[PDB]
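Below sits a lone chain in C-alpha cells, taken as the form deposited in one PDB entry.
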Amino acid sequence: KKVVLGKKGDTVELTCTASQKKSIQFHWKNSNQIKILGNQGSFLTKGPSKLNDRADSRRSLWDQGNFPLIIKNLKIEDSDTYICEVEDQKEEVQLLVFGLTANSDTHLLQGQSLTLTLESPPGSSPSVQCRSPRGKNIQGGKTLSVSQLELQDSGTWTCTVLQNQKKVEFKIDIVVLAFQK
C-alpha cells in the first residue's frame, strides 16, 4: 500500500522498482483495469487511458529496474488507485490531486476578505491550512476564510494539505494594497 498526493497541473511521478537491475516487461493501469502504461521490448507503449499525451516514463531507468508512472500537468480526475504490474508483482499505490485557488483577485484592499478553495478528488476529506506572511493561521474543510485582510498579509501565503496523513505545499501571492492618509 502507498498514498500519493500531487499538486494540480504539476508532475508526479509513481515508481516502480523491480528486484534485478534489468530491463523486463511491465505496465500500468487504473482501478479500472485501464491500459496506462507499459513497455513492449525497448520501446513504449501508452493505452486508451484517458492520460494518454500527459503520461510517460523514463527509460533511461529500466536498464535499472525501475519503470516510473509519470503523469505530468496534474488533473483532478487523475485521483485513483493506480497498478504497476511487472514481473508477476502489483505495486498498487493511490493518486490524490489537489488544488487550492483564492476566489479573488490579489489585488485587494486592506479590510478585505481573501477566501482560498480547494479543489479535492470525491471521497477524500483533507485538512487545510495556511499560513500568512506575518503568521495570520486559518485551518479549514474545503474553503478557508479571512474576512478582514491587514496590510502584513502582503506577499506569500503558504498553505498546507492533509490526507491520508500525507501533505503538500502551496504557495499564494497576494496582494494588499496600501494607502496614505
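Residue numbers count along the first chain shown, from 1. Rigid core (definition): largest C-alpha set, two forms, superposition within 1.5 Å. First, how it differs from the form deposited in another entry.
Only one of 112, 137, 45, 127 has its C-alpha shifted by 2 Å or more between the two forms once the core is superposed, and that residue is 112. Once the cores line up, the CA of residue 153 ends up 2 angstroms or more apart between the two forms.
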The other form holds:
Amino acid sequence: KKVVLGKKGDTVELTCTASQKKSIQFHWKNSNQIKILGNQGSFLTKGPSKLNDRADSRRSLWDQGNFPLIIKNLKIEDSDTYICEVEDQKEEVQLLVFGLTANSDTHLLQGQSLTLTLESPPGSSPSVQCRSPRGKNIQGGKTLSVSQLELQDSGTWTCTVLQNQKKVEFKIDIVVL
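Having seen the form deposited in one PDB entry, please provide the structure of the form deposited in another entry.
There are no partners or other molecules in what follows, just the one chain.
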C-alpha cells in the first residue's frame, strides 16, 4: 500500500480525494479509530487525539474534494495508520516518523566516542547508515557509533534512513576541533 516517511520536527501532508466532486463531509481517523480532524460544513473540527494542536487541513482545497491531513512538528509517536473517510470511501496511509540524534554533547574532542541514536516507531525496522565528512560510512541498527573520534571526524555527517525503499536523510553537524 502507501507509506509516508517523515523526520521529527518536520511537517507532513497526507492526501485524500473525494471521487472528483465538491465540498463534502470527511474525517481523518487513526488506526485506533480515534478522531483526528474533519469538517462541519465550512469549519474544521478536531478530535480527542494526541496530535490535536498540530493537525491542520487545507480548507481552500475542500471545494475541489481535496482534504489533506497536515501534521506539523512531527513526533515519533505520530507513527500510525491514518484513514480518511469520505463518501463511502476509506483511504489509508501509514505514517512512519524517525529522528536521528547525536546523544553526545555539542563539543567533543580527541578520542571520545560519538554515538548516534535513531528514534523510531515500533512498526519500524529500518536500516541506518551514516556518512562521515571523510566519506566513511557506518551501517548500523538503532544506535551506531564510532570507536574513537578524530579531528577530521568533525563537520557535516550525512545519515540515510531506509524503510520501504523510500528513504529520509539527517544532516547532523559534529564538532571536534
